[PDB]
Amino acid sequence: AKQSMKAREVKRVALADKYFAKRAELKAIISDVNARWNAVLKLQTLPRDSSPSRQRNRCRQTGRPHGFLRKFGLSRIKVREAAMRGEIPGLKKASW
Amino acid sequence: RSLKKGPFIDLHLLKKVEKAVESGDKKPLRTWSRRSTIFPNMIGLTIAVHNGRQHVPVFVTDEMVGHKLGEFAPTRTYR
Amino acid sequence: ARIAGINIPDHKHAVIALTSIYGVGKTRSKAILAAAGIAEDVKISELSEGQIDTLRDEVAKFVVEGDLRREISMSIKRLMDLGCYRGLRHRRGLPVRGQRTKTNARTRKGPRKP
Amino acid sequence: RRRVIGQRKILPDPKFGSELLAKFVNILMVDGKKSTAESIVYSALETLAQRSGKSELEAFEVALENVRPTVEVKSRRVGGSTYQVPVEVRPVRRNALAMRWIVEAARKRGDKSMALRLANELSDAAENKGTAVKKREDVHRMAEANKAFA
Amino acid sequence: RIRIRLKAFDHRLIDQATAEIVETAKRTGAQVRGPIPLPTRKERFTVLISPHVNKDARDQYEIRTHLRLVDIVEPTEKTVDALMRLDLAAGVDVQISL
Amino acid sequence: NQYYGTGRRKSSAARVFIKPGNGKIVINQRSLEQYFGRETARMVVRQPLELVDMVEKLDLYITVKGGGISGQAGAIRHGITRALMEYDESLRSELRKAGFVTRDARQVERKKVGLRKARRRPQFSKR
RNA sequence: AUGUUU
RNA sequence: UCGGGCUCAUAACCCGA
RNA sequence: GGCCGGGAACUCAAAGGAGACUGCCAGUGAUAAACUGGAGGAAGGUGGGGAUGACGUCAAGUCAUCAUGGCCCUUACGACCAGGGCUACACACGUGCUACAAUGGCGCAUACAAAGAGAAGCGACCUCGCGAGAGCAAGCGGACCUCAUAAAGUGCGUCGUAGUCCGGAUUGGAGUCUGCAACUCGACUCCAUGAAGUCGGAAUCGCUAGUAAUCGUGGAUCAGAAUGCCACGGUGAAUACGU
Ligand SMILES: [Mg+2]
Ligand SMILES: [Mg+2]
Ligand SMILES: [Mg+2]
Ligand SMILES: [Mg+2]
Ligand SMILES: [Mg+2]
Ligand SMILES: [Mg+2]
Ligand SMILES: [Mg+2]
Ligand SMILES: [Mg+2]
Ligand SMILES: [Mg+2]
Ligand SMILES: [Mg+2]
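Protein chains in written order, with the UniProt record's numbering: chain F, 2 to 36, 41 to 101; chain E, 3 to 81; chain W, 2 to 115; chain X, 3 to 152; chain H, 5 to 102; chain Z, 4 to 130.
Since the hints were derived computationally from the structure, they do not count as laboratory data.
It is possible that some hints are incorrect.
Sample of chain X residues at the chain Z side, in silico, Cβ under 8 Å [as the list claims (entries may be wrong)]: (1) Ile12; (2) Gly34; (3) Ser37.
In silico DSBU-like cross-links for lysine-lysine, where the CA-CA straight-line distance does not exceed 30 Å [claimed, not checked]: (4) F:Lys23 / E:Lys29; (5) X:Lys149 / X:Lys11; (6) F:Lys76 / H:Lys11; (7) Z:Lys114 / X:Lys35.
Yeah, the Cβ is synthetic: ideal placement off N, Cα and C, and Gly gets one too.
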C-alpha cells in the first residue's frame, strides 16, 4: 500500500501504455531472426523504469503486493471480507 | 554470459569506454554495470567495477569473454 | 589394447562395460559401438580382436581418461587464477552453482565436524 | 475403545478358493499392489510343487503348523512394575502371527527374487530352520518362563 | 440458424429466462434445436483468512457458472427479432453467431 | 430382448448388454480377457451368473466407460446382477446376498485443506 | 527436585 | 567437554563423540 | 472412422424431485428411553465426507492488509534513481523431496480415470533440431479446440545382489528460453562426471477404510525459478482383547 508507493507503481504502469503500447515491437521484430541489424538492439535505452515485468498487483481495494487474485483484484482479506457481504456475484463459500 | 545469439551490454558504458579509448588513456573509468559482458576491446583498460560501495579496477585477459565485470568483483563478505 | 587405455573391463555387456572407461556415458558408449557394428550387449567373450582394436581408432579421436581428467583438473585451475566469483568459490571448498550455504552442503565441503 | 467390531474379510483365493489365504497375499502385499501379490503368493506354490509334491494347498499349512504360536505375553503395569503376564492366543490371530513373521523373514532372505525367497521359508518350517520358524519357538522362550504370572 | 450460449451465476437468469427465450420467436411453433443444460465450469477460489501467519486456516469459494444451449435452426425472419429485439435478461450473457 | 445393466461404480460406468443366449462378452470392441483380463480377478463377472448358469441361457456382452481398472469391470458386477431382472425380476433376491445390487458406495475422499491427504497430517517434533 | 530454575 | 534427545523449562536421566 | 442419415433407447450431463424416520418385526429393557439382532431396500440407527467452532482462557497473534487513541520524524523515520542484500557460513533445529534397489532398474509394446485451464490465452498441425526448443500456422473464449501423449499396472529383452545393470549430489565444457537485463541470483536441455547412501541411536510422528500406503493428473501465484499449498482420481492393506 502506502500512497507514496502506490503512486510510485502507477508510473510503472502508464509507461507500458506508452512505450510498450506499441513501440515495444518497433524493435522486437529487429531483435529476433527477421533478416537484421544490432544498432537498435544496441541503442536500446528506451525501456528503463518501464518493463512489462516490473508491474505488481497489490489488493485493488487496499494495496497488499501479496495474496492477489486475478479473477478479482483484491487480496485474501478484502475478497473474503467482501464476498461475505455479497459484493461478488455467485461466490458462496465452497464446500464439496 | 548465457545470451544465446547476441550477448547483452549497457550502452552507457560503450559510450564511455571506446569514447575515451581513441584518445590514449587517463584516469580509471568508474563502471557500474556488473551485469555487462566484458568486451574484448576494453582490454586491460583502467576501469573499476562497482561492488556496492566502491569500484574495483580489474582487467581481462585473452581468456575471459562471456564473463561479466561482476564475476571478477566480490559483492558479499565471509570468513 | 586396454579397450582405449589402461584397465580392460571385460566379461560384461559392451556398453555397460564400456562405461567403465573414464570419459564415456550411456551415450558416447553405444554411439561408437554402432560405428563398429559391435553389439551393445553380450559379453566380450563372443567378441574378437577386431571387436576391440578397431574401437580404439575412433576412441582416440576423442580426448578421454588420460588428458580428459587432466583437462578438467586444469579447467578448475583456470577458474581460480582470476579473482572472479566462479573461480574463487572454486577454492574455498564451497559450492559454485546456486546453492544455499546454511543447510545441506555436505558434498562440496564433505561431512561436518560435530 | 468402547465399541466392538467384527472382521474385514475380502475376495478369497483367485481360484484355489481360500479366504484366509488372501491375508498371505495382503499381509505380504505392499504399496497396495495386490495385482502383484497374487503374482507371488500364487507362483510360490507353483514352485514348491516339485519341492514338496502333495497339493500345494496342504504344503503351505503343513509347514505353517510349525510357525504358528499358541501362547504370548502382554505387558501389564501394576504398582509401578509392568509384568509380562502370558496369554494363550486363539486361532484367529494365531494363524495371522505366523504369516506376518513368515513373510517377513522371506523378505530378509537377501538373495534375488521373492518367489524363491518365499518358498524357502514356506518349506523351511516343516524341515525346521530360518528366521520365520525361529520366532515360533523363540516366543515360547518368553512363555512359561513367566508362567509364574498368569 | 442462430446459437445462444447461456451463462449466469444462478438459475434466476436461466430458469424463467431460457424458457421465455424459447416461446418468444415461435409464438405458435418453430424448429430451433431447443434449450439444453450442459456441464458447469466451476472455478474454486481459496484464500487465507487471518492476517500474518496462520496459513493453515483459509476459506474456499466457488463461482458456479451455469449455462444453456438452445440454438435456433430455422431463422424465420418473422420470429428472428421476436427473440433478439425481445432481449431483456436481468444481466445475463447469451452469445449469438454462426 | 435388449436388456440393460447400469454397472456404474467407483468413478466408472459400464453398460451390461444382456442379450438372449450366448454367454459371450465383448466390452469395448474386445472380449473380457481381451482387455482388462490377465491383470486382476476380473473374472468375477461370471460370479453373478453362478446362481442360474448362462451361456445358451443369456448373454453377458458388456462395454464399460470411464473409471479405473478394477472399477470398470467391478462396476459391471454390481450391474449385471440388477441387469438380470428382465429375465426374472424375482431372482434379484439371489444377488445382493453376495454383494451385487448394492452400488459400491465407497469412493475417493475429498482432500481437506490442511492435511497431507485428507486424513494424515505433517509431523510435529518440537511439539 | 525446582521454577526469583535439582 | 561438546552435539542431540526428555520436560512447559531447568537439573537429573538417555544417546553419540 | 458414431464417420452419414438417423434414432432419443443408454452412460452422461443438470434443474425438479423420491428416499432413511427407531419407520416397521422380534427380544431385552420400567410394559421408560434405549439397546441388540431382522426385513425391506442403493442406502440404516446422527449412511459417508464437507461447512458450521457456545459463554470463554492464553493482555495468545496481526498498528506490516487495512482502519484507528496516543506518541514521534517534517532540506526528514518523507521522496526518486542506480547498484548490493533478503539466494551469506566455521554450526544447530523444524517441515519436506530422492535413493540406498529385484514386490527392482533400464529397452520394447501395451491396458485403462477424475477435476480443473485458457484472447498480451491455451496453442494443435507439419518442417528443422540429438535436445531444450525454434519456424509455419489452424482451432477453441470452449460437454465444439488447445492444455492431454495419466502413472502404477500388463506381457516380453534383459541384468544378476555388484555399490551394481542401483542411486543420483557434485562438478567441467557446450546450449535453449523467459525476459532492458539472468556474475552476483533463473528454469530447462546436451555430453562428460558420477556423490553420500546397502535402510538409519536416544528419541519421535502419522493413519481405523477407499483410510494408511503408493502412483500419477490438474489449479492457484504467476514475464520467467515448486521437493510448497489446493484439489482429482487409479490402485489399494493390517489391526483393534482392552482401558
Ligand atoms: Mg497510509
Ligand atoms: Mg512481477
Ligand atoms: Mg486418493
Ligand atoms: Mg534453588
Ligand atoms: Mg537463585
Ligand atoms: Mg450442526
Ligand atoms: Mg501511524
Ligand atoms: Mg527469506
Ligand atoms: Mg497455466
Ligand atoms: Mg506451477
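Status of the hints after comparison with the structure:
1. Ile12: Constraint on X:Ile12 not satisfied, violated at 11 Å.
2. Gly34: With a minimum Cβ separation of about 11 Å from chain Z (threshold 8 Å), the hint on X:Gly34 is violated.
3. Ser37: holds (6 Å)
4. F:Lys23 / E:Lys29: Roughly 42 Å between the alpha carbons, so the hint for F:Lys23 and E:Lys29 is violated.
5. X:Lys149 / X:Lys11: Distance ~35 Å between X:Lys149 and X:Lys11 Cα, so the pair is violated.
6. F:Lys76 / H:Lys11: holds (17 Å)
7. Z:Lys114 / X:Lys35: holds (22 Å)
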